[PDB]
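Just one chain is shown here, as structure tokens, and it is the form solved without this ligand.
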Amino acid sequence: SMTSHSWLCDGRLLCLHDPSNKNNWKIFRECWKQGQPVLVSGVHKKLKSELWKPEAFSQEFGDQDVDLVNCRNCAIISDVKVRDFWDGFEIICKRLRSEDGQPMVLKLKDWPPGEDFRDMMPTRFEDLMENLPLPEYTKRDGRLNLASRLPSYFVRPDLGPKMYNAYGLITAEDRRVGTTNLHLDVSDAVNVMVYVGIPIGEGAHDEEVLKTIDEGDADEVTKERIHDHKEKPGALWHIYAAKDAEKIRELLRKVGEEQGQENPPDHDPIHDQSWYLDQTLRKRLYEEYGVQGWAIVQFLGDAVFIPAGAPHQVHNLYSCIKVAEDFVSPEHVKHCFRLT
């Protein structure tokens, strides 16, 4: 039977089921005020699916010059055509290869660049912005988005949205690598999964995805969406409460020292965006510092709401297209204030 919502992550994660319901705010706002992330399912059913295909991006924009990142070793591939990324998104035999002869796991850096999404892609901009959940919070001019209303005493987000495109991580060794390393943002954000590409070539790669979700500490209800409903899983997130950010800095300064890094005692390993918390480091955070987090699997059409100041990391299970909008809720405006 159809329901307004469910509770995931041992009752700590709200999952809203109807992305456009005019009553969603009544369920959302108490979870949000407590500094929790929120998930909203079903946004893909509201969008024009033809606008969000990898082959369309290659056809329309493929002669633009871009830089790529090799997710395995952080090497930068400079000044290549964006078609060289898009044409290997789902077809493994078309992917750029490393010196060892293997196909690379690539991330497309800063594309569209800076604030240019709306100018470059006006039909995509309209389709996303008109279908964002919790629109009083997430639209540029929503009544509960303070972004356009604050003075210079507050850090204001850039004009959005921003697109995040990267291949899926594949191997047992890849389990310890991030798509996006641990970091935080001083603004709130909503991140929508608009497309998931499950390949052919090395295709039949299902078992390493299940071990990644299990070892990732997914809850048993999330482990049912995999097996029961046959939805496409895109990415595994870990999110930590803003109140636990300094305890995470203390762990990563200790581990940096154990690994012979030579950092000053006040340096900021979260701002550096250089760490991915693997199973070993997540268990040490829990056991040695008493800090737990939310393990979230983002399926096609899921919107993840990330509270301002909350440390988070992302690991793609399959090839993903994500689109994110930043906003400034009144609940979390303290995190962007420039004094005290």
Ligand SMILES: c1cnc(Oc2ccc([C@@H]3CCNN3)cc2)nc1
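Numbering follows the first chain given and starts at 1. The term rigid core refers to the maximal set of C-alpha atoms that superpose within 1.5 Å between the two forms. Compared with the form deposited with this ligand bound:
Of the candidates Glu115, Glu208, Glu202, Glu130, the Cα that moves 2 angstroms or more after core superposition between the two forms belongs to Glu202 alone.
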Given for the second form:
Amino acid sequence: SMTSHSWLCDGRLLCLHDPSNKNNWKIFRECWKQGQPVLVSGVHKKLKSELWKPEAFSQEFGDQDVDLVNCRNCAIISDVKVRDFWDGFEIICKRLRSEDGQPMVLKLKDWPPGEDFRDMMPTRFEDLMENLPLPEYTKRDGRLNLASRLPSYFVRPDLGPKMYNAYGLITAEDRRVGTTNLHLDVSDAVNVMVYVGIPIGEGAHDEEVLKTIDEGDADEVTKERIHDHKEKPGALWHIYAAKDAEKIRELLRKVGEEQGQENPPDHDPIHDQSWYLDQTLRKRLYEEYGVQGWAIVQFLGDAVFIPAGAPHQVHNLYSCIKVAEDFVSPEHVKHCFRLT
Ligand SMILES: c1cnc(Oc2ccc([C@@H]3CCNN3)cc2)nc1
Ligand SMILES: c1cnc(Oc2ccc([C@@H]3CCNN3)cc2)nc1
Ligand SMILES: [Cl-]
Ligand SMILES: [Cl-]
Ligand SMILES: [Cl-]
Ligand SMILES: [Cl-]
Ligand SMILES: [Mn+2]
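Please give the corresponding structure for the form deposited with this ligand bound, as opposed to the form solved without this ligand shown earlier.
In what comes next, the whole complex appears, and the chain from above leads the way.
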């Protein structure tokens, strides 16, 4: 039967089921005020599916010049055409290969560039902004979005949205690599999974995705979403409470020193965006510092709400197109104030 909401993460994560129900705020508000992330399912059913396909981005925008990142070693592939990324998104035989001959795992960097999404893609911009959940919080002029209403004593977010495009990590060695490394934002954000590409035939890798889920931190009900095989899984997130950010910096300073990095005692390993917490590091964080996080699998059409100040990292299971909007809720405005 259809219901308003359910729980994941053993009751610690709210999952809203109807992205457009006008009463969602009544359930959302208390979880948000406590500094928890929230998940909203079903946003893909509200969107124009033909606007969000890899082949359409390649046809319309393929002659633009871009840089790519090699996820495995952080090497920059400079000044290539954006079609060279899009045409290998799902079809592994058409995908760029390393010198050694393996298909690469690539991220498309800063595309569309800066604040240019609205100008470059006006029909995509309208389809996303009109269908965002919790619209009093997430729309540019929502009543509970302070972004347009604050003075210069507050860091204000850039005009959005921002698109995040990257291939899935493939091998057992790739399990310890991030798509986006551990970092935090001083604004709130909503991140929507608009497309998942699952390769078939030549370079399929379904067995290592299921291993990664079965051997990892995820709760039994999320494992009972993977195994049902009704919905496409896109990306594995880990999110930590804003109150635990300094304990995480203490662990990463200790691990940087153990690995022979030579860092001043004040340096900020979260701002550096250089670390991915693998299973070994997540267990050390729990046992040595007493810090627990939220392990979240973002499926097609899931919207992840990330509280301001919360450290987070992302690991793509399959090839993903994500679209994110920043906002400034009253609950978390302290995180962007420039004094004390
Ligand atoms: C048609 C429509 N909806 C259902 O189930 C629901 C869905 C959403 C809710 C909301 C969400 C916020 N407050 N209650 C309650 C019941 N079933 C058939
Ligand atoms: C409706 C029905 N079926 C689909 O296809 C898929 C394809 C792959 C999965 C993954 C694989 C790993 N765990 N589940 C799930 C659903 N899509 C929409
Ligand atoms: Cl467009
Ligand atoms: Cl709302
Ligand atoms: Cl990164
Ligand atoms: Cl907070
Ligand atoms: Mn982020």
